[PDB]
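Single chain ahead, by itself, as structure tokens, in the form solved without this ligand.
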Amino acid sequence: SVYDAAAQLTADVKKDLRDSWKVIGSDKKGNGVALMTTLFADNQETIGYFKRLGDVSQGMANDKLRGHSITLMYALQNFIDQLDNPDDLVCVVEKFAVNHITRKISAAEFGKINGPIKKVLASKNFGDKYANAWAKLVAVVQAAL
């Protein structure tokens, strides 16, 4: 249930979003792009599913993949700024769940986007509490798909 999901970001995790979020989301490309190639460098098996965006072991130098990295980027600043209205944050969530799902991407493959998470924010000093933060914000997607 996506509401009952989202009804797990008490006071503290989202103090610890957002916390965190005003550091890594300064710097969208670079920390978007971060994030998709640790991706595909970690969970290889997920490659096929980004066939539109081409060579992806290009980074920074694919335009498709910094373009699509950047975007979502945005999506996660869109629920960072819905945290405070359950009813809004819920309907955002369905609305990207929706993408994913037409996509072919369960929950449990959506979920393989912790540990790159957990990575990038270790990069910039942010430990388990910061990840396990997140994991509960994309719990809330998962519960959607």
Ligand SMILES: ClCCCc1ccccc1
Contents of the next structure:
Protein chains: 2
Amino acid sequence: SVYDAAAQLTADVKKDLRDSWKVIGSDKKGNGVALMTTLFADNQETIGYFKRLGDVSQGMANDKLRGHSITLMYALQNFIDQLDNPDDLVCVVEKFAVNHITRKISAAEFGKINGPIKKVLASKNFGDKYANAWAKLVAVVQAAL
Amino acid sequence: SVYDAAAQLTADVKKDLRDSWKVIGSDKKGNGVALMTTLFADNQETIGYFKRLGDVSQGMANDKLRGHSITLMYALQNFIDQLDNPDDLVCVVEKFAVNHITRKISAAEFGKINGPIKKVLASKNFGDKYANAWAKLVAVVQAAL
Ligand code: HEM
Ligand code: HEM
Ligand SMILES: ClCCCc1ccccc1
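Form deposited with this ligand bound structure, per the form solved without this ligand context:
Whole complex next, starting from this chain.
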């Protein structure tokens, strides 16, 4: 249940999401591309899904990848801004869930993003505490897939 | 090219865009739904393109329409944040252009959004000068369609 998952975002979890987002969300192009390049490097088996982006190994030099990466960061910004209202968080999560269901992405494969998130968070000095908070938000999307 | 359309956005135009977005972008849910409902009211021929959203006459109560509307406002947020770097603006514009090209939305049809934008701006007392500024931004997307 996406609603039961959203209910897991307690006061402490929301605070950790906001505090860390203030830092990682300040450089959407840089951190967005880092997130994607890490996903492709650590989980090569997912590259096939991103055929439209061309050669993803080019990273920042790939215009399609950069555009995709920046936009992905705005999806996260959207989620963060909706934390106050669970009904609005759910309707935006379901909107993005559809974007992935049409791409044949399962809850299990969507969860492969947790590794990259933990890694980039770690590079900014945000440990497991924060990685786990983000895993809870990702879990809301997983519940809708 | 799209780059030409973007690179032409002047300091004054960017100023008007940012000043007006400070206001209309502050209530993404309210203004996002207002934009969509106005599009459907004045251009009923476009309703068919949004069948995935269900009964759009439901307005705010329609969770799919609400989720779509909020997300659309973040696409605009994305554009506004990239104004000072044409290279970044171009790659995000091309990304969203693909989302509409796949739906067979022509440059002319995409331009139908100018009417609704002008009305929403006017509701907050932003006149023709501002509507013209936004038409120039919409024109950047049209250059990609
Ligand atoms: C924090 C997690 C993630 C977020 C917020 C997210 C967000 C997005 C957004 C905003 C889009 C563009 C939607 C569209 O325009 O159709 C997208 C596209 C896509 N995503 Fe994700 N995504 C995430 C994780 C993943 C993961 C882990 C996979 C794969 C295992 C995945 C696979 C895809 C694919 C295949 C596309 C289509 C790319 C294209 O052809 O343009 N996403 N995602
Ligand atoms: C300010 C201009 C506009 C912006 C920023 C915008 C933004 C968006 C975004 C972000 C999406 C979701 C893309 C996806 O997830 O696949 C979308 C979908 C769509 N847009 Fe637009 N759009 C604009 C104008 C228009 C206009 C004027 C039309 C029609 C004449 C249009 C038709 C569509 C359609 C048919 C969809 C698919 C809806 C669905 O089935 O989910 N858009 N738009
Ligand atoms: Cl503070 C939350 C950071 C989420 C994230 C976004 C992009 C890349 C890595 C992590």
